[PDB]
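Consider the single chain below, provided in structure tokens and representing the form deposited without its partner chain.
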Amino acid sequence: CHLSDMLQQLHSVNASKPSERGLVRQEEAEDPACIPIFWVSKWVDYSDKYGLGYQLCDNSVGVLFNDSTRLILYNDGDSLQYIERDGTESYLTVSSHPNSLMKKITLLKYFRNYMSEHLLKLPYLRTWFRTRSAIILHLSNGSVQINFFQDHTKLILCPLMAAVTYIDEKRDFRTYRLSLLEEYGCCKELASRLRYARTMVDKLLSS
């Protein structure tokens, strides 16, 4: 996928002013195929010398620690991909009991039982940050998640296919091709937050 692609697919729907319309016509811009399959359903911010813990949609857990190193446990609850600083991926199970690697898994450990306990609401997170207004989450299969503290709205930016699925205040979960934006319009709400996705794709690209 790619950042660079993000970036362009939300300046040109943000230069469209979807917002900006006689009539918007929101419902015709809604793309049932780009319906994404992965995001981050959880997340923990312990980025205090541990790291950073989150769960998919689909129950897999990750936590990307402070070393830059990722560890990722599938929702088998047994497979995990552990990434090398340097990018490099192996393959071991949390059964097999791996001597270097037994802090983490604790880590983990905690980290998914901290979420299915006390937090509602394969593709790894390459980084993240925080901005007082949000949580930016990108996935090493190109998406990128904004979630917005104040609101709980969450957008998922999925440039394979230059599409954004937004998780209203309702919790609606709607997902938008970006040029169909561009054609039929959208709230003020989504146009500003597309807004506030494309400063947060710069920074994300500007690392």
The other form holds:
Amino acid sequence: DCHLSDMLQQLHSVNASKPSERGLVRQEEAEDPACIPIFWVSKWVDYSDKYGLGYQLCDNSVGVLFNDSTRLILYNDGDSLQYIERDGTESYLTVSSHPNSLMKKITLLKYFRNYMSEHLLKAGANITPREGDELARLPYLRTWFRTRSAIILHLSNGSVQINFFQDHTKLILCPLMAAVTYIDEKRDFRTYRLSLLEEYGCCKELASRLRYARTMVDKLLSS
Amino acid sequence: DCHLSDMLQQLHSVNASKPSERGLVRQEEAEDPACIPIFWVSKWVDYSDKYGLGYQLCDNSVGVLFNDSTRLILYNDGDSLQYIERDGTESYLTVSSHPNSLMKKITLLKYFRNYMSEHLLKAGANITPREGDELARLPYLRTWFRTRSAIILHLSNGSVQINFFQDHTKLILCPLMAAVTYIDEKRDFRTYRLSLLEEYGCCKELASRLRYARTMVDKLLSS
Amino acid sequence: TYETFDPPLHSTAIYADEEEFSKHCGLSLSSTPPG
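Form deposited without its partner chain done, so how does the form solved in complex with its partner chain look?
Below is the entire complex, every chain and molecule, led by the chain shown above.
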């Protein structure tokens, strides 16, 4: 993947600079709210022992990456669907008029959708969208895996999201802008240019999660 | 039940003696430090519109009486647990055990604990516990109710505690010793034998609250 | 979602929102706070 390779180089450059080992760290100087992501994962359900992984994006669309490596996405209009086959082939349909062959996957998606709306909190609900973000192409979940410390989510647009279990912190890595959004334990949403974190430094909490992120991107490339 | 009946007879006796309508009051002679209670409610928060009532005992243990008529206690070690069902079946476990049927109730109890520790004062902080107190069986909250003027807390060891909202005075009644501990506005704690208040008299402040406590105990027995 | 639909792992549940919990606690009745 070209985007994962860029992300790795971006992360190696910042991590090699040891951004928390500075006389004076000025993390705030790296903030660039112009790099706010349009899409991130706001909810997820790991039923991979039977069906797969369901999730919600911040625009309230939902998706499922099924165990057979196909994906079904329901847009936020509640009726439009996109089906992505194992090999990435994309097709479009609706809940109202769909191939009979997708009826079971549609039903499973609705179970996931409903489980998430009834039971799960929406992450990033405090970030308000901008005009022109509604035209953005919806990404789908390309792959994911879980570690002792986090769940790693790789979206088809190139972005990598890492959700840390213990403290509910999250990283959203955008290789297209060489930027990262950090959601801290207080749910504050800050977006940084990696180049500026290298120059101006960053605190130890973010520095360590960026080392973790590099380990996870190496793993994604190994697979 | 049988402890409430004893408490009512003790309160009837003291109130019938009209202890504040004396030519001479010697309330100090009714003090008996040997009856100072082991346990009392030091903090509480009313979340009964959704979850229930969480409280802290003076030994820093935490409890909650959920709206489903069940109770869960977190001992002062920070991990041990005791879960009392509607039937009264006492089951003991730990937070480390990660029980699944109670995972949710544990999370809410921890949230009660956190709010109380960071926002609420510990009533009776000036009480230095004695030796052998740490070996006493931890009680739980059998029932409670709120009037416009006070909260009534009935513990499983038979103690009834009444906290008055406006002036922060508090009664801790112990039927086993026919005693009462009174915490005045200045947070001064005094423990008395009810029978000696009959014999030596007391101020109208304590006498009026013992009248009130009697009508509250009558309420607990009507339910 | 179906009666048999019991995901073993998932993101944070609604009840596990401690910021709303602590919030409501501040709006509800409670014992005395530090003055």
